[PDB]
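Enquirer: Each chain is listed here by its residues.
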Amino acid sequence: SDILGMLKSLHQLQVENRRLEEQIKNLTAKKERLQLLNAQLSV
Amino acid sequence: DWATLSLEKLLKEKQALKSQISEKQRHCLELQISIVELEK
Numbered sequence: 754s755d756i757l758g759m760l761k762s763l764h765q766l767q768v769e770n771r772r773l774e775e776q777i778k779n780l781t782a783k784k785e786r787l788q789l790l791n792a793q794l795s796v
Numbered sequence: 610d611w612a613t614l615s616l617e618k619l620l621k622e623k624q625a626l627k628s629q630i631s632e633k634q635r636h637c638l639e640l641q642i643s644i645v646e647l648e649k
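Protein chains in written order, with the entry's author numbering: chain A, 754 to 796; chain B, 610 to 649.
Simulated from the structure, these hints should not be mistaken for lab results.
No false leads were slipped in.
Below are the EDC-like pairs computed for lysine to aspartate or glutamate, each with C-alpha atoms no more than 16 Å apart in a straight line:
no. : chain 1 : residue 1 : chain 2 : residue 2
1   : A       : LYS784    : B       : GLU646
2   : B       : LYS618    : A       : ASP755
3   : B       : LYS623    : A       : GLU769
4   : B       : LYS633    : A       : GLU769
5   : A       : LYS778    : B       : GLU639
6   : B       : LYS623    : A       : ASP755
Please put together the full structure from these sequences, using the hints given.
Expert: Here you go:
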């Protein structure tokens, strides 16, 4: 079987997984920034 | 035994990654919904 081709695809998944955890991190920071700024502007 | 055992581990590892990816995509969309709420 095409184990090279399979390792390739598995690697593509691994990359994508790390790309997503990085997206989660930015969105989370975006959210928290907005939470703080909203509170700061309410007083 | 030899080849089949290899293949099954690779399959399980791929399924575990797809499962993690799906969980993380949903997480992203849920943060995005929160962000929409904060911007409403």
